[PDB]
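The chain contents come next:
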Amino acid sequence: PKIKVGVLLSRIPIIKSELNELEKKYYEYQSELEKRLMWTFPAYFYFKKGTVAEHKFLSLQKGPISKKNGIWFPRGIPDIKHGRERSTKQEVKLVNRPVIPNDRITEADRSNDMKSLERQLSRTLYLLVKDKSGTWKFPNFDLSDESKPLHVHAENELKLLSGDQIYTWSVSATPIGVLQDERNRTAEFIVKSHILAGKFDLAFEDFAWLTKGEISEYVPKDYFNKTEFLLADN
Amino acid sequence: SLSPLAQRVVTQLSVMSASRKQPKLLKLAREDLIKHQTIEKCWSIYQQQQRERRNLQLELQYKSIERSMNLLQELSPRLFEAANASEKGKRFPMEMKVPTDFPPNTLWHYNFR
Amino acid sequence: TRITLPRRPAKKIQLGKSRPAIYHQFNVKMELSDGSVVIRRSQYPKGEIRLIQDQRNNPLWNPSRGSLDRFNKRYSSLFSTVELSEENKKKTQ
Amino acid sequence: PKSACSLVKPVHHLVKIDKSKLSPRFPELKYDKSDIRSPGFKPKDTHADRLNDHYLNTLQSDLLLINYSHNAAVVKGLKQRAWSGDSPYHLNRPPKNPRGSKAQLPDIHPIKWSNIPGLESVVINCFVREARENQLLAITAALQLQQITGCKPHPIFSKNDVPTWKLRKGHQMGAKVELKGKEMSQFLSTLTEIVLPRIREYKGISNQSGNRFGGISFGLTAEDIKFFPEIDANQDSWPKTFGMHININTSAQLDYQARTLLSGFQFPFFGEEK
Amino acid sequence: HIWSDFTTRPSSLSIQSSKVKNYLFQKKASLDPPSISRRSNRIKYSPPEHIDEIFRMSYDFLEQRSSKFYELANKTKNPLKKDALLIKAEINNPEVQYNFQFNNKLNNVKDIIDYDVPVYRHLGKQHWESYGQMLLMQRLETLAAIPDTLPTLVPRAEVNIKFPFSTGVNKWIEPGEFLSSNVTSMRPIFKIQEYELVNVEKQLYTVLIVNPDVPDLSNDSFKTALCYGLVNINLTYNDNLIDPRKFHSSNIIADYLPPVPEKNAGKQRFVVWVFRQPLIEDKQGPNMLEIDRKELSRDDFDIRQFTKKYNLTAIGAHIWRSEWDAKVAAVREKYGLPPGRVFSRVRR
RNA sequence: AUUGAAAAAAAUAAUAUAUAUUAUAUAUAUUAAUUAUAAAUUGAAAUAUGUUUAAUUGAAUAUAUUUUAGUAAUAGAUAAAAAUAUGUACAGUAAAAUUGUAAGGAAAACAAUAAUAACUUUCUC
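Protein chains in written order, with the deposited numbering: chain 6, 23 to 116, 136 to 243, 250 to 281; chain 2, 34 to 146; chain V, 20 to 84, 96 to 110, 122 to 134; chain E, 19 to 292; chain 1, 20 to 367.
Heads up, some of the hints might be wrong.
What the hints assert, rightly or not - Using 25 Å as the maximum straight-line C-alpha spacing, the simulated DSS-like pairs for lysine-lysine come out as follows: (1) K60 (chain E) with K103 (chain 6); (2) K26 (chain 6) with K173 (chain 6); (3) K36 (chain V) with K103 (chain 6); (4) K144 (chain 1) with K63 (chain 1); (5) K129 (chain 1) with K181 (chain 1); (6) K31 (chain V) with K200 (chain E); (7) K200 (chain 6) with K189 (chain 6); (8) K57 (chain 6) with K198 (chain E); (9) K62 (chain E) with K48 (chain V); (10) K87 (chain 1) with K101 (chain 1); (11) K30 (chain V) with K194 (chain E); (12) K65 (chain V) with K84 (chain 6); (13) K111 (chain 6) with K51 (chain E); (14) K200 (chain 6) with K178 (chain 6); (15) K170 (chain E) with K70 (chain 6); (16) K200 (chain E) with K111 (chain 6); (17) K111 (chain 6) with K89 (chain 6); (18) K63 (chain 1) with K57 (chain 6); (19) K78 (chain 6) with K65 (chain V); (20) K84 (chain 6) with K57 (chain 2); (21) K111 (chain 6) with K210 (chain 1); (22) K171 (chain 6) with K268 (chain 6); (23) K170 (chain E) with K51 (chain E); (24) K129 (chain 1) with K37 (chain E); (25) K71 (chain 6) with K65 (chain V).
Keep in mind the hints are simulated off the structure, nothing from the lab.
Let the sequences and hints guide you as you build the complete structure.
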């Protein structure tokens with residue numbers, strides 16, 4: 023049987039994963055529970071008495087309503103220590138420049154450019170390739186020599202395809218899996234490797256960088272079943 | 034009584050201490066308590082499911098690797114030997130960074146070295 | 020001789036009544052050397068910090084991507122290679 | 019006391035009697051600390067841990083792939099050897115201690131989907147030696163630790179006595195703090211990003227550093243602690259500052275695996291490996 | 020939405036209180052908790068923020084899970100497995116949790132906590148294991164009621180006794196209590212609460228109160244005494260209080276003789292044992308059993324031998340213990356028992 | 001109970017009140033507190049009563065009445081640093097040696113160092 027070299031290039035996510043609707047709400051609740059149970063902010067430590075910095079902090083803050091004799095407090099009598107209502111959550115409001142974070146969605150994402158690497162930042166992108174036929178697949182390469190190791194050969198092939206734009210890193214010498222068949226007596230040993238910093242851009252007609260959910264749409268069903276578990280969900 | 038250094042130490046100690054800084058106990062109604070329990074239990078179940086999914090995936094990957102390596106051993110001994118080496122001092126590349134909360138100004142570097 | 024803070028009588032935390040130390044913490048945004056922002060919980064009161072020297076501008080963490099400085103500043107008009126070639130006769134040593 | 023003879027009587031049933039539950043003494047203590055009704059309640063899973071998420075997604079699969087050795091069997095550790103029964107004096111004799119070591123060593127298992135190496139715990143041991151003179155220095159060190167971590171420190175006391183170093187027994191000297199879960203992860207992330215780049219000439223954690231089994235360590239000077247953002251934000255509040263040891267405990271079978279794992283979280287490693 | 024449906028599912032799984040149910044299921048945290056009865060206290064109270072939407076999501080998640088379980092549950096044929104599936108489906112239901120936790124389990128009202136329902140029965144079992152069962156086991160071991168009467172116990176049914184007819188006061192007896200001779204003058208009332216899946220129609224039970232500590236001066240030791248013996252009793256998960264109402268005179272193999280401890284004879288353990296009958300196949304209806312009433316004796320009673328004879332399995336137990344007081348003579352006189360012996364204060 | 005928001009009730013336990021019994025039970029009502037305790041010409045906050053600004057509320061400021069700040073460690077049934085050495089109840093396991101780690105070095109501190117077959121529960125193929 024012919025030995026062939028499968029390669030799937032894994033661009034790892036550059037930001038946090040997006041939270042599930044269930045997850046977000048739960049986290050908010052836990053944060054609010056924490057706040058309710060949180061201690062008083064010891065302002066006396068962080069801000070020295072009779073100082074310009076303290077004064078601004080005081081102005082930003084608003085104090086708690088104290089207990090006073092001859093008055094009904096229908097939400098119980100105020101329990102105060104270090105200037106906080108013990109019965110409730112405390113809120114503490116706070136080059137010289139405002140830290141403005143960048144948008145997590147990108148220009149590429151908006152346009153839906155599949156060849157770009159900046160198109161999904163919270164997901165793991167995988168390099169797919171379209172051959173002479175209409176099928177998509179992970180980059181295949183013929184291993185005729187069999188002198189060098191397999192992963193190294195794969196990397197060299199990728200580099201050749203690129204024209205030395207790509208900068209990859211093999212995770213290991215061990216192959217993740219095999220794609221095998223009876224019609225063509227061959228064996229495609231799949232290597233894993235990580236794109237670190239470069240273009241691809243280019250026999251194969253077209254390519255794309257896709258998440259696990261999009262690969263199912265592009266690639267055949269049997270092929271997907273064979274190589275589903277290899278891909279990360281996020 | 035005390036020096037300024039002693040005072041500052043006491044203040045520092047206070048920052049860490051629970052003395053007169055902590056609120057009342059979080060009391061709930063019985064209905065509220067139940068609601069909380071149902072929230073927590075469901076969450077725990079979800080977390081377990083996620084763990085199983087990930088664990089299952091890992092097991093599947095391991096099985097695939099095993100299947101591959103047996104095949105490699107059968108076909109080309111040299112290739113199998115090359116694959117199965119001690120990767121003792123293997124280091125993850127310093128470019129594969131831990132994904133931040135929000136992305137940088139330059140999202141991706143196209144040139145290198 | 021030994022400098023100390025002499026202890027008062029300790030307050031009896033009853034069994035079951037012990038409460039966990041939940042310190043007051045703010046959600047603080049750290050903008051690193053480049054524009055990548057990251058949220059971290061912090062005890063000091065500052066909603067936003069921007070950092071100058073981080074892993075994201077250190078050469079050790081990204082290989083692929096002040097006496098000397100003072101000297102450069104105050105010998106700038108002269109512009110100080123050609124200068125090396127001029128002042129490097131290797132006969133005397 | 020009529021006697022000191024301790025002797026637990028056998029029972030006539032297999033039901034496991036939890037004696038704590040039969041009392042009415044500590045009603046708040048019968049609840050688990052996870053339960054909302056306990057005064058010991060704390061919101062655990064407050065926000066999504068970032069380093070942990072990264073490990074789950076990218077690293078864990080990669081680590082598994084690295085650690086696969088084909089048909090790798092278990093390597094048994096050094097254990098207590100039994101005596102050959104070639105003499106009647108071997109008959110109730112305690113077993114021979116292990117070959118090289120006095121203590122027994124664990125078995126090294128092959129890495130599979132279950133036992134992939136991962137972060138277990140961080141411990142930040144700060145023993146300030148000037149606090150043999152000044153107890154207040156121990157307090158300041160503990161505060162610093164708390165600031166750095168967002169976790170409650172525990173006081174270290176002088177366990178030993180020695181004349182050469184002016185050290186008594188039973189004297190409060192610095193503090194420690196075992197970080198676990200999300201706080202630990204945050205602390206690691208801060209170390210990777212903020213602090214360890216601001217050390218000027220740092221090559222890395224040594225490759226000769228570590229336990230024999232999945233534990234790696236290093237230490238920060240008093241100069242290095244001034245880069246932590248809680249410290250960093252105010253120079254003025256901290257005139258003095260104390261170094262610290264940082265014991266990272268992994269779920270790794272061996273130390274090279276642990277080193278590889280830490281590298282995955284952006285820890286540089288410089289020295290010649292064992 | 021399986022948990023809102025009550026076509027096939029019992030009524031007990033819902034909360035019977037309307038206000039409580041409304042509070043549980045609302046779209047905003049507007050209403051105030053029915054548990055807090057007082058207006059001022061309600062005003063004072065503040066529930067934790069964001070709790071509603073998350074709760075709703077959790078409900079949906081667990082409701083979906085329950086529905087999925089039910090898909091399996093109906094396909095299942097064998098009964099224990101089906102019951103287990105049913106339990107799995109409904110155990111995380113908030114309404115059933117509310118019902119169980121905050122209403123009485125001992126004298127359960129059928130509409131609130133139905134022990135015919137498998138989930139509620141499972142909950143009750145779990146509750147029993149948490150405290151009451153452990154306590155019972157401790158009292159059996161410490162007092163030495165197990166090896167002295169009947170080798171071991173594997174507690175399955177929760178057994179609670181009462182003495183309503185003697186005095187007037189209502190009190191479930193805590194295991195290993197010292198009761199007065201006035202209290203235990205007339206017979207007790209049992210409640211055998213069964214938590215295992217069992218054939219309610221076929222399964223009969225026997226109840227034996229035994230006194231291991233009556234002194235035999237010929238042997239210079241003690242002998243057993245069957246103080247009260249019932250057989251062929253029918254239990255039902257909800258209808259389980261063994262009272263003169265239920266059992267007939269035919270069921271009484273040995274009618275209640277009261278504790279009458281002798282002076283200085285010591286403390287006398289009275290340990291009730293509850294056995295279930297052996298169930299015979301290929302026979303519809305409850306399989307009775309005949310006891311040879313001349314063979315079994317009350318003044319000396321091999322409990323273990325009796326059990327061996329009739330092939331019984333001890334599922335439950337309870338114990339009190341009586342010692343001499345002034346009124347035991349009066350009790351004897353009432354029952355027509357003889358004057359009663361008096362022993363030496365010293366155990367020489 | 002008055003106040004906010006938009007017929008009732010059905011556990012345990014605690015509290016209040018009542019009574020049942022030579023039975024520390026039952027009935028009804030309600031779910032408090034939970035890390036505090038005197039003493040502060042000086043810090044900080046609230047409320048009330050005035051005055052000025054853009055019937056009004058915000059904002060500023062004066063007096064009065066309060067409230068906070070005395071900033072101090074254990075937060076765990078703690079478990080081989082030191083401290084109450086006799087009772088009882090509940091629970092746990094030491095040491096050495098080895099491999100490491102900022103000053104630390106043979107000798108300060110912290111970490112790690114025997115085996116999971118079977119069993120129960122939970123999630124899952």
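* **Violations among the numbered hints, reported as their numbers in ascending order** => 4, 6, 21 and 24
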